[PDB]
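Omission of a single protein chain aside, the complex is shown with its protein chains in their original locations.
Chain nomenclature is as follows: A, B, C and D, assigned in order of appearance, with residue numbering initiated at 1 for each chain independently.
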Amino acid sequence: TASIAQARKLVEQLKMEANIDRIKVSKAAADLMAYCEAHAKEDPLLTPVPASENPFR
Amino acid sequence: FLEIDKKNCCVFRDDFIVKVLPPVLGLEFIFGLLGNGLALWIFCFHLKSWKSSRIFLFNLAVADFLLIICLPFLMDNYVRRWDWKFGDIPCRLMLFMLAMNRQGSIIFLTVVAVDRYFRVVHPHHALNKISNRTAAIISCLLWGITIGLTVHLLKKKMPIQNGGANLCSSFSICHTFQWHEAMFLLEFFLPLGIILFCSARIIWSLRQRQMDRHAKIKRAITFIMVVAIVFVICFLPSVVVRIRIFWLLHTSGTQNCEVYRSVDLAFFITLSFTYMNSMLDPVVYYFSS
Amino acid sequence: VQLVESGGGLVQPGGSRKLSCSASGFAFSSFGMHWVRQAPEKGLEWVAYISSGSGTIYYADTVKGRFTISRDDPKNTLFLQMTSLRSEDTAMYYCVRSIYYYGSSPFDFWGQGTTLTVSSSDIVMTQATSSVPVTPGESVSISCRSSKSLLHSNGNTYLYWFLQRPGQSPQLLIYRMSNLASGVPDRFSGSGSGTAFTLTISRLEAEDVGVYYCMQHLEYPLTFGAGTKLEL
Amino acid sequence: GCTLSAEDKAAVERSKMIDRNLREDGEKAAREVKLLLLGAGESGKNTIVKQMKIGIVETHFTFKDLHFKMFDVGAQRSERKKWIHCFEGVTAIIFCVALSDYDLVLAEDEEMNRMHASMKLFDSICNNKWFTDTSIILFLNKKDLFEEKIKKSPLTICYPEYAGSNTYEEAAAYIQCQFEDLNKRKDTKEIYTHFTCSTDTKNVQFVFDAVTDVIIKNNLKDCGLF
Partner (left out) sequence: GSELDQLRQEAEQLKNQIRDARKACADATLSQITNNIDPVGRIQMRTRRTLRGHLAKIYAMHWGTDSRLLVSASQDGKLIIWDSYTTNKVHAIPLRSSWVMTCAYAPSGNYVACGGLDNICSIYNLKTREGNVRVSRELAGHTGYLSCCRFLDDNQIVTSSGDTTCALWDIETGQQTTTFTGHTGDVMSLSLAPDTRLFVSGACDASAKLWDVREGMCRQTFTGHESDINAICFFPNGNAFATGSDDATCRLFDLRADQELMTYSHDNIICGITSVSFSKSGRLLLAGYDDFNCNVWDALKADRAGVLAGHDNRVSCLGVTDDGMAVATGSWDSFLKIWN
C-alpha cells in the first residue's frame, strides 16, 4: 500500500516545484548577449591570438 | 664460338632470340608494371592497418617492382643480338638489380609461408603477436643478406668485346666454378623444402580438427596449394636446363661448343619464366585474398 | 622516511673507500640521488648525481674519473666508490634525494651523512656577507649574486636557498627563489631578479640562527655560495 | 637536448620510463583469453563456476598453460544498453542454460516459463551490433533430473508444436536444434553446444577446444588467407 505514499511524495514535489518566479525569455537572451559581448577580448579561440605568445604553438 | 672474357666460355648469338624474347618480356613488363604499382600505391595510401604480417608483403611488392623497371634495357639487349649501347655503368646495374630482386623475392615469398604455418598449427604462440618494430628490423636484415651475396656483380669490368659487338651477360657457359650458379640452385632447392613442408602441415592440421566444413576455410585450402603450384611451374624449368649444362660440361670439356648450340638457347627462354612471377605475384597474394 | 649513511672514517693518504646509504620509508626506485660534501669550517660543495633508472651519471671536475656512483635498487641502497685520495678530500658527506617532474621540489630530505678524514665557464655564486649580528624580533635580509642570469626562456629561474643549523644537516627553504618548501613557517621569503637575489626573515626567533646557502641549478656542475652566518 | 635546461631533461627520462612500463604491462593483457559468462539466474552459473574453479564479478583460472579470465555480470540490474559495449573484444560468450526447467514456470509471470525467457535472452544477445564476430559456447545443464522429469510429464507443454517419442536423446537433440535455430548471422558467428551434468574435466576441455578454434580463425584473417 506504499503506492499512495509514493504518489504523496510526487505531489509534494510538484507543490514545491510550482512555487518559483520566472522571467521573460527576452531578458535572458539580453543577459546572454551582455555576457558574450563584455568578454569578447579574453578567449583565444574566438579571436585567434597571435602566434607570438600562445604556449601551444 | 670459343671466346675468352677471362675464362674458357662458349658464347652464342642465335638468330632466334629476337623473334621470341622481346614480345615475351613486353607482355611481362606491360602487366607487372601497373600490377605492382597499384599494389604499392594501396599499401601506402589506402591501407591504415599495418599489422606485423602486412609489412612482409610490402617488401615482396617492392622487391618485384624493381625487377620490372630493369627489363626494357635487357629487352633492347636482345632485339640487337647482344648489342649494348648504354656504356659500362648501366651494364653493371642491369645485372645487379636483376640478381638482387630475384633472390629478394624468394626470401619474402618464404617468410609468408612460415608466418601462415605458425598462424595455423601453433595458435597462441609468442611469435604470432610480434610488434611492427621488431618485424621491420627482420625486414632490414633480410634486405641486408640479399645485398651481401650480390654485390660482386658491381666489382667487375662487365662489358666484353665479342669481336663485333658488346655483350652484357652474368650467365654464360664457362668452365670454372662460380658462386652465381650455386646460388642459382640453392635459392630454389631450400625454399621448396620449406614451402612444401609448411603447406602440407597446414592442410593436414586444418583437417584432423574437423575445421574444414565452413565455406570460407575450404576456399583457403585451394589458395595454399595454388601458391605451391605456381612455384614449380615458374622456377623449375630453368633449373633442369642448368643441371643439363653442368652434365654436358662434365661429360665433355669446353672443346666443341656446337654441343651446347641448342641447350643455351632453351635456357634463355626458360629463364624468362622467372620474371613472370613478378607479373602474377600480386594476383595470388594481394587481390585473391 | 629516513636515509642512513655509513662507511666513513680515517683513511691513509693513498687508498680507497666505499660509502653506502640505506633508504627506508619511501620509493627509492623513482628518486634521483646526489652526494654533497662539506669541508671543515668551509662551505658545502657538490660531488655527483645518479638518476632514476641508473641511466645518467654526472660528476664534478675535481673528482671526475676518481669517484664512481652506483645503485642497488632491489635492496634500496646507494653506493659511492672512492678510488684515489688526497688531503683535500676530508669532509662530511651527505646524500640528498631529488625527484624531477613538473612541479616537484628537489633536495627535500637531506640525509645525515658520514664523516671522512684523510691523513696527511662555471657559474660564480657569491655571498659577500660574512656575519649579521641581530636580536630576536626584527627582520633580517641576506643577499646573493650570480655571474650570469639564472632566468631561462620558459621563465623558471633555478635559484635555491636553504639553511644549516649548528649541529644538524641542512633543509630546503626556498626553491626557484619564490616557492616555499613544505614544512617551514611562512616567515621566510625570497625575491630578486636577474643576477641579484635576496632572502628575508620577517619575525626572528631564537631557532633560526645558523648558516644560509644559495645554489643554482641551471647546469651541472652546481656551484654553492659561501657561508652567511647569523648570531644572536 | 639543446633548448632544454637541466630540470627539463630529467622529466623526459621519467616519461620514457613511464612509457616503458605501460608498453611492458600491455603485452600481458593480450596473452590471455577473456570470456563473458551469461545465464538466466538459477540456471547453473554457480555450479559451472565451481566445476572449473581454481557489482561485476571476476574469475581467473588456467588450463594447459592458457590464462582464462571470466567476467560475470549477473548482479548488475542496470540498463544493458549503457554498458554492454565495454565487452567488445571478448573472445567468447559462455551461455549456461538448464534444460531441467521446461515445466517450471517463471515466478514473476505465471503465464510463461523459463525456457522461453532463456530463448528471448539468447536471441537478444546473439544478434547485437557489438557481437557480430563473437562465438557463443552454449552449455545445457541438469540433464540428470531431465530424464526423470520427461517420463512423468512430456515436453509438449513447453513445445506445443512438437511430435515425438518423448525419449531423452531425441528431446535433447530437438532442444539443441531449437536453440541454434535462433542464430541470424551464420557466416560471422558459430554456436558450440554441449551437454553436461556435474561432469568433471569435460567442460574445461570443451571450452579449450572452442577457444582454440576461435583463435585459429582470428589468426587466419590477420594475413588475409581466411
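The definition used in the following text is that contacts are C-beta pairs under 8 Å (C-beta built on N, C-alpha and C of every residue); 3 or more make two chains touch, one makes a residue touch a chain.
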| note | Out of D:11, D:52, D:106 or D:204, only one touches the absent chain, namely D:11
| Which residue of D:56, D:112 or D:157 touches the chain not shown here | D:56
| Missing-partner contacts on subunit D, residue numbers | 8, 11-12, 14-15, 18-19, 21-22, 26, 29, 55-56, 76-79, 82-83, 86
| said: Using the document's contact rule, name the residues of subunit A that touch the chain not shown here. | reply: 3-4, 7-8, 10-11, 13-18, 20, 22-33, 35-36, 39-40, 42-46, 48-49, 54-57
| field | Interface residues of subunit C (partner: the chain not displayed) | value | 1, 25-27, 30-31, 99, 101-103
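Note that only the chains that are shown with their structure count from here on.
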| task | Would you mind telling me which chain pair, B-D or C-D, is linked by more contacting C-beta pairs? | result | B-D
| request: Between subunit A and subunit D, tell me the centre distance in angstrom, where each centre is the average of that chain's C-alpha atoms. | output: 46
| request: Provide the C-alpha centroid distance between subunit C and subunit D, rounded to the nearest whole angstrom. | output: 61
| task | Give the residues of subunit D that touch two or more other chains, as numbers and ranges in rising order. | result | none
| subunit B residues touching subunit D - in the complex, by the definition given at the top | 51, 53, 112, 115-116, 119-120, 123-124, 128-129, 209, 211, 214-217, 220, 223-224, 289
| Can you list the residues on subunit C that touch subunit D in the complex? | 32, 51-53, 55-56, 100-102, 106, 152-154, 156, 158, 217-220
| message | Touching residues of subunit D toward subunit C in the complex: what are they? | response | 3, 5-8, 10-11, 13-14, 17
